[PDB]
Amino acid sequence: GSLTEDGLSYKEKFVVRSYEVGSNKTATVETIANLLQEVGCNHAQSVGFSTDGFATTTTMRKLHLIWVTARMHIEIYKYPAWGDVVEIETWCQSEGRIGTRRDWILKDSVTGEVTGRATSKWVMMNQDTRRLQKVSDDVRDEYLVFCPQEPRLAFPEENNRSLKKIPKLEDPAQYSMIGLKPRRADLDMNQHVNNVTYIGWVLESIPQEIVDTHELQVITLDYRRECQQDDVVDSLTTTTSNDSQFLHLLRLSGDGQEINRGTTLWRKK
């Protein structure tokens, strides 16, 4: 991997592994999400930011401040097959008062065609209190020199899917998968549940018949609260719709405290 010529974005190539593919012999959306996270981590390492997933500065670290994902939106046109080389380009931009954004473009290395795209919205928060806080000018100034300042969007369209408001699923859910718990492989280096695990938990309540006869085209996920190492989660799904659409909700098994909500769009094979 390497920063591009203008130093305002980062590119990396990946060969799809045997354990990274699903029933179609192509990479799963969780393998894609792991790769987006990996290239974001390598971009941070390339310019001196933390490499723990929070991409902090020394100033943020002494104030116990971190960057946290508020929303992840992924759209895949073609899932790469086992042994294929996928090239991923990533960049970040400030959105002032709303927070910050990281975008990605996935391409087939052989043809150069865009096979997928993703965007994520981030907010600054105190690590201990979990209270959101506005980024100071002195912290912001350290990041702007690594971002393009002219808008560069992976999703430029007028009222695109990445910005749509997601409603809360109402009981009873059409489908459910209960008692989901994270194991040590689901945790990052700081013992937090990896964002990719929540994607897997959302998809667990999709009926296998849909998975067998459709391909996942779009996934949007809002992150409201962290699932702790010892928490148990319920995954709820209701069909909202050639295409199938679902509304999703992840909540704690006991009190029903919401941790995530999202929507998925599937296309018939």
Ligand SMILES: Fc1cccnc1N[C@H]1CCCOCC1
Contents of the next structure:
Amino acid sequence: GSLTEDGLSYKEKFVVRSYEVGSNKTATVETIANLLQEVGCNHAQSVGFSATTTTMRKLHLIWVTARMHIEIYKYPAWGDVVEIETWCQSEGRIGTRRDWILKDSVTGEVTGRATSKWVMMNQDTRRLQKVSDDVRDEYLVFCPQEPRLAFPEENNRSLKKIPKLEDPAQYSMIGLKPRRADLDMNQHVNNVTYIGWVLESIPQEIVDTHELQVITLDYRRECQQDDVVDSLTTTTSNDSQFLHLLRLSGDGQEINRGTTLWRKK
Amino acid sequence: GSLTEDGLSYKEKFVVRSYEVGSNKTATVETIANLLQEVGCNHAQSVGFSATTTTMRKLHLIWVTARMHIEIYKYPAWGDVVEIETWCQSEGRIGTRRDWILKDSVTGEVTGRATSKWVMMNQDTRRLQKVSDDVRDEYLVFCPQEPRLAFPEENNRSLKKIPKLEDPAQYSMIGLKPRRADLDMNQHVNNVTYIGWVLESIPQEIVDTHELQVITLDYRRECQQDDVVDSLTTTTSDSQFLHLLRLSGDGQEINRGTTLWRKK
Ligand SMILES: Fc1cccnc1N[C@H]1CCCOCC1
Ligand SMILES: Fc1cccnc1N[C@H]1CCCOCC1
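Return the structure block for the form solved in complex with the ligand; the form deposited without the ligand was the one displayed.
Below: every chain and molecule of the assembly, starting with the one above.
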């Protein structure tokens, strides 16, 4: 992988692995999400991070995902080479945004796109906060100054408000728990695990006859290593749409909410 | 990746990813196991198995893992390049064996080694069988003829008999279930998931103060997508553990194993 010529974006190529694919011999949405995370991390590293700035480490602040939005046109097959370009942009004092473009390395065609919203939070108290000028000036030199959006369209799905699923849910998958493979290097549940948990309450027949085109996920609260999660889904819809809710098994505390759009094969 | 000069083994390099590492910023044993599986699949593809041969497909036969043995001296760090060499060998009528050698690409030193036993099975009835000479001759042209062992030493850990853990277990993790990410392209639970499940009953304090040096796992029966598993561990000792994976309900054995851990 490498930063582009202007140093304002990063590209990396990946060869799709045997264990990374599902029944159609194409990459699952969780493999795609893992690759987006890996290219994001390689971009932060190439521009001097170890992505907390100098001022952020001093003040015990971190970037946390508030929303993830992915749209896939074609999932790459086992052994195929996918090229992913990523970049960041400041969204004023609200936080930051990281976008991605997925391309087939052989044809050069766009096969997918993603966008994410990140908010600043104190690592210890979990208290959200706005972005100060001191922090903003430190990461602006690594961002394109003019807007560059993976989802430019005026009324696109990435900025839609997601409602809270009402009980009773049409479908459910109960008692989901993270294992050590689900944790990141800091012992927190990896953000991609939540995507997997949301998808667990979709019936196998839908997965067997449809392809996931779009997923939008809001991150409200994190699941601890010793927490248990319930995954809830209700059909809201040639295309099928679903409303999703992840909540703690006991008290029913919301951890995530989301929507998926699926097209018939 | 590519076959070596003689075409009797395969090498591939991997750059360790951010999500592939644990708390020490080094690859977990499950990442290592995934890489061994990937290089194994790439070897089979390079020699024409787009690893079932022509005769196996007609007779509805597949290779299934009976045992996996891994020894790690150094886990590669996040961003490091690891080189893995793999090869296969016939073990007469019993089945086949696949071995691996892990090396640090920069230093060239051996950082790990692995060996696995595979048995022939009818994919529909799940009935084990011996290897026929028709099948044996079809894969012998892809194997070194003289023995080449990742674990040569006489009386070594890879061939030790593993006993069945007796109730009550010292430690346990119950109600483990596979999710879709745990399944392979054929909708079966990936072999690496069982390694993860075995490790779930090891206490976090042991994981926080020790490094896993050796793991031996016997595969008795598969866990279906709708099955629930209980993971059981007892200290037998460096720290050694005896492991048992069984179905949550009837208590049917799926795996048994042992782990050896060194203090950091
Ligand atoms: F770029 C990242 C660096 C570190 C962590 N996550 C990143 N990106 C997203 C991965 C895909 C699923 O959504 C969550 C976040
Ligand atoms: F070479 C392989 C091809 C396909 C599947 N597994 C392979 N190898 C081992 C993977 C890691 C531990 O489980 C034992 C088998």
